[PDB]
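Next up: just one chain, as structure tokens, the form deposited without the named molecule.
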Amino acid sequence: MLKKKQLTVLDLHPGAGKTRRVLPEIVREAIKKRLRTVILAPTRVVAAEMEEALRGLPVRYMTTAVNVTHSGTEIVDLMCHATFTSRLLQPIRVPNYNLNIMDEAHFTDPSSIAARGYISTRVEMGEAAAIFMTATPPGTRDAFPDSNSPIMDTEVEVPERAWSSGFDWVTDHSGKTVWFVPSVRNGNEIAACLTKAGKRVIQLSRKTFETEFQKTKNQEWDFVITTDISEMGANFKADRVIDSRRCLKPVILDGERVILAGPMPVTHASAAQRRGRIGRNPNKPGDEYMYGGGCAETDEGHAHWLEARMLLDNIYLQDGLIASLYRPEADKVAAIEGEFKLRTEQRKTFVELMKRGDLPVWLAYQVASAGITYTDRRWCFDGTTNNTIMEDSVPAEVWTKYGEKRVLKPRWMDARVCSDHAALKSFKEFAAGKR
């Protein structure tokens, strides 16, 4: 496993103990061999759970999700997927880790795909070893993998709107349900319907995950309404998963705008991970998985793989060489390696628009490659009229940094900047020069 030029896919079924049993074995083995090691957690929630499984082992925790005084002599680093890729993009020294361990290595967010591309390229160059930990490696066709205890799989019509009748099985349940919805706004409507029915609902999304997930432990609940973010190692004590089997897909249209297409079927990997939230207790057979559609390989043409190429094109590897995508997922995008390579100043802008600016990768690239500096926000208002951002059927309005009320009308339209109320609120602050 740990010998150089080796990439190992640890593809044990969900709940088989890859994180709490195998990972500590690997780490103390790497420490014994004096292997400089990075451990990549998908979320800060998983990072904290890793500290529990690795407590007592000398691990440097490069995340504020853990309150640990470090000795400085640790050769094992732990950080989130996004942090790894961020540090590669920034002008700071990143060690050339001899061992690279990515947990929940199926994560399809751009910074996770890029991290796999960079790591797998170093392995292919014979410079490092890597272990990708996931029950669902890229290209999985099995949406019903093995589990610790038998699961009741039922294909059933699943609501995606509020309902008044026809779905008694949803509310008649007396256990705890994790419900995968295609979007935040879709989850809002389902959540309000359940709450009106007397249910206690917790809602999880990417922006609220590292805070709202604590509620699943601190208070009692009946339903968790979650987007696909809970595919990344989120553990619940539930006995039922309701799966719409649907997701949104960011799609670049004509190379000039990003739309959120769908909802449309999830991949087999996503369906397996959603189902894999339950059936994890061998002493509690008969957890239920209700799914409301089929699977399809909807990661092809998905904007995240193009955005991953935008990131990797701007990460130094060796002279002019450029890291390739991890080969099992390299065909999901039609992109020329290097075509998004920016020069020094435009690359700095690109990085700042993604970090401080909190813009989607694709949008950050359009602005940076147009030669616009980070604080120049005139592009948020000089787009075409079809690019007018709407909220509550009225055009969105902000006060510009000059003190002028203007309609939000970005030169490049990325639907992710206004996918829900919170997203648009953040983009309005950006357009106003507030960060």
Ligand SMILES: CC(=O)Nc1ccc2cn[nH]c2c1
Given for the second form:
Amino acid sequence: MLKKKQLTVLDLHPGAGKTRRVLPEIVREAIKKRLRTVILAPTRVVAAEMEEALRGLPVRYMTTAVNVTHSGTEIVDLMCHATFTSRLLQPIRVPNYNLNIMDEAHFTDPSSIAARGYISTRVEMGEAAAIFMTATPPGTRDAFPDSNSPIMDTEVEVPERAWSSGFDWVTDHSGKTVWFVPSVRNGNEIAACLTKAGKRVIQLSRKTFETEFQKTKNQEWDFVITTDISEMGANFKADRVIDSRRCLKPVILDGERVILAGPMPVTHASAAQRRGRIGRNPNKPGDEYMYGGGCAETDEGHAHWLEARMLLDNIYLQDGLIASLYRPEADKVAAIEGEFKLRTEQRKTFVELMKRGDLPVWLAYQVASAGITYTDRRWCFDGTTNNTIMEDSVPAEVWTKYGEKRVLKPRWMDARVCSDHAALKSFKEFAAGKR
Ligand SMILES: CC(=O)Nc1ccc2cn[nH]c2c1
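Could I see the form solved in complex with the named molecule next, after the form deposited without the named molecule?
Up next: the whole complex, starting with the chain shown before.
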């Protein structure tokens, strides 16, 4: 498994022990063979869990999520998927790791897809070995894989709005439920309806994940309302999963704007990962999985695969060569390899708009490729009237860095900058020149 020129997919079912049992064995063998190794965690929460399973082993934690004193002699590095891709893009020397281990390798965020493409290209070239750890490899068609204990699967209508009647089974439950919703806004409505009925609810999403996940272990709760981020190795002490079976899909229209389409069906991989939250304790059979729709291959034409190509086109590999996407997920986008390659100055602006600007990859690319510098925000206000960003049914307004009140009307409209109150707040600060 650790021999050069080989990519292995460790596809044990959810809860089979990939992270707590297999991962330490692989690390011990890699250190014995003196292989310079990278361990890639999807989130800071998973990085903290990996430190518990690897505790004592000489691993260098390149994250502030772990408070450890490194000896300086570690040959095994651990960092998040995004950090790896970020360091590849930046003018920082990244070691040419002999062994590349990716945990939760089904993660479909652009930086995870780009990391898989880069690593799999190095393996194809015969320069490295790689191990992708996931119960649901790219292309899986089984939404009901094996579990540690039997699960009661039930197809049922699941509410996506507040309800006054017709869903007694939801509140007539004395255990703990994890509920996957298609968006932050949809979760807010269900959480308020559940709170009004006397339930204690915790809400999780990409931006609030590390802080709010702590509350699932520090306090008593009845429901966790979460977006698709909890498919990435997040574990709960629950006995029921309610799954809407729906997600939002970013879609690029005519190469000029990004909309959040749907809600629409999740992939079979996503459904299996959501269901996989329960049935994990062999001593507690009977966990329930209630699902509200079917699965579909909605990753085809999803903006994240296009954004992954924008990232890989700007990562140095060898001379003019460019890393391809990982073969099983390469048909999800119809881009020309190298079509997003930027010149040195524009590439630096592209990186900074993502790293400091916190802009989506697609939007960062439109700005940098237009020859606009990082601190130049005139583009946030000179778009067409149909690009007006709306806040509570009235045009959003900001004071520019010049002291003038202006309506937010970006030249390129990416729906992810205003998909929720928190996102629009961060975009307003960016348009105002506050970061
Ligand atoms: C993959 C493909 O269809 N090409 C494409 C799609 C959308 C955009 C937006 N900006 N550049 C683009 C290039």
